[PDB]
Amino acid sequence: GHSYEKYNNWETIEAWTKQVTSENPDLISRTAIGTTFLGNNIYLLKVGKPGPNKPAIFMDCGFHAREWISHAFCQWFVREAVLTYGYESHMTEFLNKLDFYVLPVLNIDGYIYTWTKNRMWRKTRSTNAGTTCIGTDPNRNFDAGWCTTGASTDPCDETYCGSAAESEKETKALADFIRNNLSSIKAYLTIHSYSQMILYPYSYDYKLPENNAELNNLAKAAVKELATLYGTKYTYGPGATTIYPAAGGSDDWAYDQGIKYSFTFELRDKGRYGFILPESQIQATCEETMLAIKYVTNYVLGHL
C-alpha cells in the first residue's frame, strides 16, 4: 500500500524498491550495498538509461531516522524520473547522460524504530561498549575531522560520533560504495530535515573548499530556483557558519575524496512542525526541492 504522498514504513519502501525496479527495467536497477546492524539489506537504486562511461551523481536519504520528509524525497525523485522521462527535456537528458545512485534509506534500523517505538529517534540502533545506551549518529561517523567538534564522545548523546570513524555497518557500506565508484561519481547529495538550507563543505572546521566561489554561486542559484515554485526561503553556505560546526559529516568526507560538488539539503520546515512535517506537505516540499536538485544536476552535467 505504497503512496508517494504519504510516509511509508520500511516494509513498504523495501517492496517499493523491488516493484519500481521491475516496472522500469530500462531505467532502474537495484542492488544491496551492505546490511545494517540488525541485518536489513541497504538497497540502492541506479536510475539512468544504460550507456558507456557515464558520470554519476550520488544521493542518499534517511541518515537520521526521524527526518521522514528526507525518505519521502528520495522516493519522489525516483517518481519524477520515471514519470517525466521522454517528456521533460532536462530530466530526459539527465537520465540519458548520467546515472543517479539513489539510496532511499541509509539508517533503516533507526527508521523502523521511529515507526514502532519512538518517532523522534535519530541515531542508528547499534549497541555501545560499557553502557546500555543505543546508537551512533551516522552523520558524525565519517572520517572527516572525526569526533572533534559538534560531535559527542558520550554514547548516550544524540550526536555521538561512534567508537571509530566508520564503526557503523551502514556508514562503512556507504563509504565503501563511494570509494569503489569514485572515478564515476561527480556529485554527492545528502537529504536531511529540517530548517530550509543548502549546505556545502566544510562543517568539521572553519575552513573553505578550494572551489568555494563555485559552490557558493551554485547553492545561491539553487535556492533561487527552489523559491520560484512556492516562495519557500532557504539559506545556504559552508556548513560550519551556515548551521553549526559538526565533524564526521558524509558531505565533508565525500568532498575530501575529490567529489567537488558535495551538498547537504535540509528540507522543510523551519520549526513549526519540525520533524513531524505533516503528510499534506509532502508534495509541495518534494516538488520545490526537485527544482534545486535538477538545477544542481544541470550544472554538474554542463561543467564536466
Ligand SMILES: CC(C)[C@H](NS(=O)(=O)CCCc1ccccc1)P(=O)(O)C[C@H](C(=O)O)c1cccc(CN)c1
Second form
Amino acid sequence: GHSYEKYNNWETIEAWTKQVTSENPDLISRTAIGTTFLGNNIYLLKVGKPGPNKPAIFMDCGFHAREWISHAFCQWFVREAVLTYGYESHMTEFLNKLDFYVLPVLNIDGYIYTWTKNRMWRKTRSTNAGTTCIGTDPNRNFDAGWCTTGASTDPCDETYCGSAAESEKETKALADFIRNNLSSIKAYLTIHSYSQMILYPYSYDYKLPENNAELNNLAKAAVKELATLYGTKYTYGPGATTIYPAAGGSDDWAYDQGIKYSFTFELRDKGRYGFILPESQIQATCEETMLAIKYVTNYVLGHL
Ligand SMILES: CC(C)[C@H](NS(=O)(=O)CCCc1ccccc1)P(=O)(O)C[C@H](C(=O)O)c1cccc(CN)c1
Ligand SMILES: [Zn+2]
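Alongside the form deposited without this ligand that was just displayed, please also present the structure of the form deposited with this ligand bound.
And the full complex, kicking off with our chain again.
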C-alpha cells in the first residue's frame, strides 16, 4: 500500500492519485495531460479551493528517475495541503486564493525502470534512431538555449538533449500545459535531488535574469526559513554559477515564458547517500522543504 514515509512504485502512486482525489473532491481534481513514451498516464493534481479565475503555482517532481525524494515530496505536499486546510491560516489562505498544479511524476517510464532494472537510471526510456541507446535527459530537452551548453548530442550519454527541443512526449506535455495557462501561472517550481540548493535562472547562459536581485533575496529568505526546522543548510544562486551550466532546462524555459518566479530545488543530501536517500529522512526532508515552498508561495501571493 501507499505510505508517505516510504518510496512508492508507480502503480502505487497512480492508485494514490485516484484515491486522494476521490477523498478530497473539494480540494483536488485530477487530470491527465498526456502519455509517456511507454503509455503511462501523466497525472496532474489541481490542489486548491475551486473558484473563478484564480492565479496558480506550478510544481513538478520526478524529472529525473533516480531522484526518489523528489517524487516523495510532491506526495507529501498534497497531504499537507488537504489535512491542514481550514486549520492552518497560511495554507487555508493559499488554497483559497490560488491553485497549486502538482505534477507528481513527470518521467514515469524512467521511474518504473529504477524500480525494475536500474536504480541509477536518469533519462526517459524512449528509443533513439540508429542506436540501441535509450533515453533523453528531460532537463536538457526544453527550448531554452537548447543543446548549446552543458548538453550532449549523443543518445548514449546521460545529458542527451534529444533529437530536438520537446522531442519527448513528457516534456512536450508539460510545455503544452504551461503555454496553455500562462495567464494564471505565476511561479514555476521543479523538484530535484540532491545537493541542498535553490537555483534560479540562468543555466543555459551566464547572463542574469532581469529580476536577479529579487530572486536572490527570495531564495536567500527561503533557505533561511528552511533551516529553522532542523538546521539543514542550503546554498543558492543562479544555476550556471551555483552548480554548472546546463542548457534546455525547464526552469529557464518557464522563466523566458514570462513566469518571473522560477526555481529549481535540490533536496537532501550533500552526497553521503546521494540519490539513495534513506526512507528515514523522507519526513524531515519534506517538512523543511514545505517551509521553503510555503514561504515562496506567501511572497508570490503578495506580488500578483
Ligand atoms: C545531484 C544533482 C545536482 C543532479 N546532478 S547529476 O545527476 O549529477 C547530473 C548527471 C549528468 C552530468 C554529469 C557530469 C557533468 C554534467 C552533468 P541534477 O538534479 O540532475 C542537476 C540538474 C541537471 O543536471 O539537470 C541541474 C543542473 C544545473 C542547473 C539546473 C537548473 N535548471 C539543474
Ligand atoms: Zn535532477
